[PDB]
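When you get a sec, could you build the whole thing from the sequences and use the hints?
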Amino acid sequence: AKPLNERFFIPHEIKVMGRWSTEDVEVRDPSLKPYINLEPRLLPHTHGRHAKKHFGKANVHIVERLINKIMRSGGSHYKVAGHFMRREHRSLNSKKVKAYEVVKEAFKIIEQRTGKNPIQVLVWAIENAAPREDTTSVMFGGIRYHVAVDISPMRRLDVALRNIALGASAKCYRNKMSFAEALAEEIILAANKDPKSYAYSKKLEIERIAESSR
Amino acid sequence: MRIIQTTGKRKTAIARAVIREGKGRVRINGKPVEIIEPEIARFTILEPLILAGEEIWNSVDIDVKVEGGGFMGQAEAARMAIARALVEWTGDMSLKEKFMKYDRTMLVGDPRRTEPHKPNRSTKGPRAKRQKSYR
Amino acid sequence: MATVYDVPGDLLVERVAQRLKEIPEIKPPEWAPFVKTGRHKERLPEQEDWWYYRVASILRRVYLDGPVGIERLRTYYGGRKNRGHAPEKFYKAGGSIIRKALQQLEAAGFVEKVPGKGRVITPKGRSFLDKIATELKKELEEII
Amino acid sequence: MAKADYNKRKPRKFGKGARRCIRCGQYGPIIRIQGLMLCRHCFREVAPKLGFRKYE
Amino acid sequence: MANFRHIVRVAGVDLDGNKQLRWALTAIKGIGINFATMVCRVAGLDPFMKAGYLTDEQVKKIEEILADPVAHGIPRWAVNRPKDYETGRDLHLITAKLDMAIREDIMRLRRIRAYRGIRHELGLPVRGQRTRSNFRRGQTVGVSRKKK
Amino acid sequence: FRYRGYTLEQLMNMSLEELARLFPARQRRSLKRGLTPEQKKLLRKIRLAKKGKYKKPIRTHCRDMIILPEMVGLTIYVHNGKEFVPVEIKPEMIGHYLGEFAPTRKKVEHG
Amino acid sequence: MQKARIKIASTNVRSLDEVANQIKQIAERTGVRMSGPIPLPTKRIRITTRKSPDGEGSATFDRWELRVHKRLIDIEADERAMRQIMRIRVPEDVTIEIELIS
RNA sequence: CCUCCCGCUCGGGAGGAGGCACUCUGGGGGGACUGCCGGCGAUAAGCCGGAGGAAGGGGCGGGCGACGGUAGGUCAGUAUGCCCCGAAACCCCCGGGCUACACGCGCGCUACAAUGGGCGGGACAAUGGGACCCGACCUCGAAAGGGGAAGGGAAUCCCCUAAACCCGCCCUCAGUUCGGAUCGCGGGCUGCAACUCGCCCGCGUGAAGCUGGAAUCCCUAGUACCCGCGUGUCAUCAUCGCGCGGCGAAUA
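Protein sequences appear in the order of chains H, K, U, P, O, T and L.
To convert, note that position 92 of the first sequence is 93 in the deposited numbering; the numbers rise steadily by one, no gaps.
To convert, note that position 16 of the second sequence is 16 in the deposited numbering; the numbers rise steadily by one, no gaps.
To convert, note that position 74 of the third sequence is 74 in the deposited numbering; the numbers rise steadily by one, no gaps.
To convert, note that position 22 of the fourth sequence is 22 in the deposited numbering; the numbers rise steadily by one, no gaps.
To convert, note that position 16 of the fifth sequence is 16 in the deposited numbering; the numbers rise steadily by one, no gaps.
To convert, note that position 100 of the sixth sequence is 105 in the deposited numbering; the numbers rise steadily by one, no gaps.
To convert, note that position 3 of the seventh sequence is 3 in the deposited numbering; the numbers rise steadily by one, no gaps.
Just so you know, these hints were derived from the structure itself, not from any lab.
Among these hints, one or two may not hold up.
[As the list claims (entries may be wrong)] Derived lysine-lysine pairs resembling BS3-like cross-links, with alpha carbons at most 30 angstroms apart:
id : chain 1 : residue 1 : chain 2 : residue 2
1  : L       : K70       : K       : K9
2  : K       : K23       : K       : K9
3  : H       : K96       : K       : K9
4  : K       : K11       : U       : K89
5  : U       : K138      : K       : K124
6  : U       : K92       : K       : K23
7  : K       : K9        : K       : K129
8  : H       : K58       : K       : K98
9  : K       : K23       : U       : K89
10 : K       : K31       : H       : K105
11 : H       : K70       : K       : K31
12 : H       : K34       : H       : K194
13 : P       : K3        : T       : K112
Below, the structure written as structure tokens:
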């Protein structure tokens with residue numbers, strides 16, 4: 002509770018989620034520079050409406066993009082503080098509101114071990130979790146090919162973050178890996194390109210199957 | 001002193017704000033800015049107040065009453081109005097253009113709010129049909 | 001230089017609940033945590049804090065409201081009950097922890113029943129609070 | 001032979017069988033109770049003379 | 001601490017675990033999770049600690065709050081069965097009394113020839129309505145009371 | 006306790022009021038509020054059978070009556086919907102409904 | 001004198017405003033002090049109904065509006081200065097309530 | 001200006017006078033029209049891009065569905081040609097049946113936990129509905145509810161508490177403190193009456209289920225996804241139908 006208020010004096014100044022300065026990191030590649038909202042500021046929730054335009058989804062705070070592809074899995078059933086759930090899932094059968102907590106605690110659990118600005122470990126995990134080449138079963142002229150298709154910087158990011166957010170929910174499954182943890186131990190190891198990231202195992206295979214086919 | 005009354009409206013949280021000179025008062029629905037439990041939607045309110053400076057925050061009394069359902073809803077109605085309360089105060093295009101370049105959720109609301117639940121073909125929600133399996 | 005308005009409700013409630021142990025007029029009666037409790041509890045807790053929070057709220061609520069009733073404070077808590085696979089619905093608390101509580105405050109002189117039909121604060125209930133909030137709001141500036 | 005009257009004499013204190021319309025004379029079919037007891041089907045035919053408006 | 005054990009025996013010879021006192025009694029048929037925390041009060045223990053941290057002296061205080069609970073306190077809707085078979089005022093239920101009392105009343109109805117007793121023999125809920133296709137794809141409720 | 010209640014006889018002498026504390030919430034209600042004008046012609050035919058004017062074999066459509074201590078002994082004919090199914094009433098039947106004992110369906114196997 | 005409230009509601013827009021305007025014009029000049037014709041809410045009434053009598057396939061569902069609007073008027077005049085102003089024709093279909101207190 | 005509290009005497013908060021500023025209410029008026037600017041196009045139509053702006057190039061969401069057809073659906077709402085019944089295929093009544101089940105499928109709810117459960121505290125809405133009707137508030141009852149009783153035929157009173165939220169505390173991933181079927185009992189409530197066949201409250205009971213094959217459905221933004229909220233019909237069966245606001249995207 003007192004640290005919590007220090008976390009209210011500190012984001013003010015300016016810093017993400019209470020104590021992560023948005024200047025600590027830089028986007029070194031000139032590819033992922035206009036596609037990423039590292040540079041702008043303070044809160045993800047924002048509600049700034051996206052997909053409004055052609056690229057009304059590139060200007061989305063990196064973390065907000067995280068929150069709602071981390072929020073994804075969800076039907077019908079009913080949640081409230083009662084007895085009451087699940088209904089908000091292994092990935093928010095429900096809101097970005099109790100989602101934003103998970104990503105905050107995962108920034109807390111990835112800061113606790115690495116000790117770096119965690120927005121330097123995640124932006125280092127969404128330039129590596131994206132495959133550089135993909136095969137589409139594309140036919141053109143009635144002729145069925147399985148072809149060299151190179152990936153665009155916007156469709157990169159998306160496959161980076163989504164594969165990060167798809168890998169964690171196989172592990173969190175009825176397991177001590179809490180998403181605040183299971184995400185925080187995915188984001189470190191996608192930053193590293195480690196052999197333990199279900200998100201850097203598809204990145205590779207999607208380039209390697211796509212190299213054969215070309 | 002002065003009285004400049006403004007408004008700030010996002011997704012039907014209507015913020016009633018007043019900006020008069022004083023000593024650093026932040027009042028929300030009668031309670032200091034301290035009473036809120038989410039740290040998060042607080043920082044949102046706090047965004048404009050640093051973009052201008054603590055200098056003008058300390059020298060001016062801000063009382064707002066945000067009658068709006070959302071926790072983030074209240075905050076958002078508070079983010080739009082302080083920013084408009086501070087641009088009427090000093091008067092310059094420096095503080096207005098500095099807000100617009102950062103985000104348009106400080107000085108534009110929405111054009112839209114909510115849609116009705118359509119009659120539909122006997123199911124739940126505006127945009128949904130009964131499931132089929134008769135093929 | 002403080003009201004109940006100036007202090008967050010997480011720091012106010014253990015400072016007034018202690019000040020309900022200490023004074024020491026309000027106390028836990030034995031029948032109220034045992035099994036005369038509010039709706040369904042996954043476990044029933046053997047706490048003094050349990051009694052001292054259900055009352056530490058009651059002195060904050062009658063401050064804000066005028067005629068604050070029994071049917072209002074039963075329905076003001078937040079909490080449900082199962083029906084089955086039918087989804088849960090909204091029900092109210094135990095009137096036993098609310099109708100003895102106002103009456104343990106009423107003998108203490110913190111609350112009084114007005115002649116218009118209702119429940120309001122006395123000066124002794126209003127000063128007990130402003131002193132406990134002058135202590136809380138003072139500590140909240142010292143602590144980074 | 002001889003017997004006493006009948007026009008029905010059982011309980012019908014409440015429910016649907018308690019109601020009838022003032023246009024098609026039904027129990028189970030719809031009875032809109034706002035002081036306009038009719039079925040849903042009549043309702044549609046009658047309304048433009050009532051002064052209800054189709055527009056949403 | 002009050003002398004660590006992993007298995008102390010409570011309620012006769014049936015076993016008390018190392019989960020938590022309030023959950024270790026729930027298992028002992030007749031004492032639940034709300035009735036376990038009613039006998040922690042009278043006896044005078046901390047409710048949230050582990051089970052098995054009990055000397056010999058605590059194990060005797062519980063076995064006499066069980067035999068007759070209506071003597072110690074325990075309200076006449078907060079005890080296990082109140083008003084029994086039309087002439088017992090209140091009683092206790094345990095793994096042997098609960099098993100017998102419920103099969104007795106079922107032995108009573110079958111002789112009576114009711115629509116409750118033969119409705120517990122054919123394989124059916126009595127007041128839950130549908131037997132139309134529920135317990136679906138060969139399945140079964142298990143009626144009363146235990147398939148673990 | 007064999008025989009349900011204090012004893013079969015003492016619950017014929019406690020009838021109005023004192024039985025109530027023993028009974029379910031549901032049996033209480035229908036005694037306490039009362040029962041219909043067909044339940045008043047059934048208090049003549051249990052009384053013609055225990056003594057006096059030539060006894061009818063008691064028949065009933067009563068399936069909402071809950072068995073009392075005075076009515077224990079008679080052979081009661083409860084119309085299942087088609088025909089009259091007999092029930093010799095016992096003291097173990099104090100506290101149950103009369104429409105339980107006679108059937109509401111013919112009893113066969115399903116298939 | 002006797003403060004009267006004319007509470008005037010109508011089911012349609014055109015009928016209610018003409019009477020409210022005419023009531024504030026004729027009363028203006030005589031022995032009347034008159035507080036302005038204040039609009040209260042529309043208790044819009046929603047009847048939300050099933051079109052199709054089969055209740056079959058997709059059935060398109062009528063939304064119904066009954067909108068009833070309420071103007072209110074305080075007036076300081078006699079009971080005789082009241083009837084003089086209540087002379088007016090009034091749309092079908094316009095309810096005019098009168099409370100009388102001193 | 002006045003009553004109450006607190007105070008470090010700087011200053012924070014409520015009440016009533018007072019004041020219609022603000023929110024709002026519902027009646028009217030303006031504002032967006034490819035008007036302007038560039039590019040593509042036959043210099044036309046139109047499409048693309050830009051500036052100013054609260055909003056833009058069907059702005060956005062509804063209502064609005066031609067001639068007809070599937071002999072689609074309903075004569076079991078009504079209207080109606082034809083035929084048939086006439087102590088009956090009428091009429092009155094009680095009781096039972098529609099709620100039977102070894103099973104099959106459709107549409108849905110609830111659900112397989114740590115993004116969690118208890119407990120407490122605090123900050124928040126909107127549509128609506130309300131006279132044998134909503135029910136303040138006070139009292140008794142563990143509660144369901146009962147007793148008393150203010151206001152209200154309505155911007156002026158009541159249902160009413162939003163729920164999701166967050167902060168601290170206890171708890172520490174098992175078929176479990178999950179999950180709630182099934183069964184014993186005690187008890188309320190409506191009606192003549194809830195065994196068949198109502199719901200809730202409490203204690204005991206504590207089942208399957210630990211992420212689901214083939215196959216297949218819905219939708220494109222304040223939408224889906226998610227959370228509660230009201231109303232209809234209406235005593236009572238709602239995991240339904242209609243409708244409201246809260247959080248708030250993916251891909252195109």
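Inset, instruction - Given the hint that K/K9 pairs with K/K129, test it: the Cα-Cα distance must not exceed 30 angstroms. - result: violated, 34 angstroms
Legend entry - 30 angstroms Cα cutoff - pair U/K138, K/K124: Roughly 52 angstroms separates the two Cα atoms, so the pair is violated.
Inset, instruction - Compare the distance between the alpha carbons of K/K11 and U/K89 with 30 angstroms, and conclude whether the hinted pair is satisfied. - result: It holds: about 27 angstroms lies between the C-alpha atoms, which stays within 30 angstroms.
Inset, instruction - Would you mind confirming whether the straight-line C-alpha gap from H/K96 to K/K9 stays at or under 30 angstroms? - result: holds, 22 angstroms
Legend entry - Hinted pair L/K70 and K/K9, Cα distance within 30 angstroms: holds, 28 angstroms
Legend entry - Restraint status (C-alpha distance of U/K92 to K/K23 at most 30 angstroms): violated, 44 angstroms
Inset, instruction - Would you check the hint for H/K70 and K/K31, treating anything up to 30 angstroms between C-alpha atoms as holding? - result: Distance of about 36 angstroms is beyond 30 angstroms: violated.
Inset, instruction - Measure nothing beyond the straight line between the CA atoms of P/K3 and T/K112; if it is 30 angstroms or shorter, mark the hint as holding. - result: Not OK: P/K3 and T/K112 at ~40 angstroms, beyond 30 angstroms, violated.
Inset, instruction - Quickly compare the C-alpha distance for H/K58 and K/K98 to 30 angstroms and report which way the hint goes. - result: holds, 23 angstroms
Inset, instruction - Mind checking the alpha carbons of H/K34 and H/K194 for me, to see if they're no more than 30 angstroms apart? - result: holds, 21 angstroms
Legend entry - 30 angstroms Cα cutoff - pair K/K23, K/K9: This hinted pair holds, its Cα atoms lying about 26 angstroms apart.
Inset, instruction - Given the hint that K/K31 pairs with H/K105, test it: the Cα-Cα distance must not exceed 30 angstroms. - result: holds, 27 angstroms
Of the numbered hints given earlier, the model fails hints 5, 6, 7, 9, 11 and 13; all others are met.
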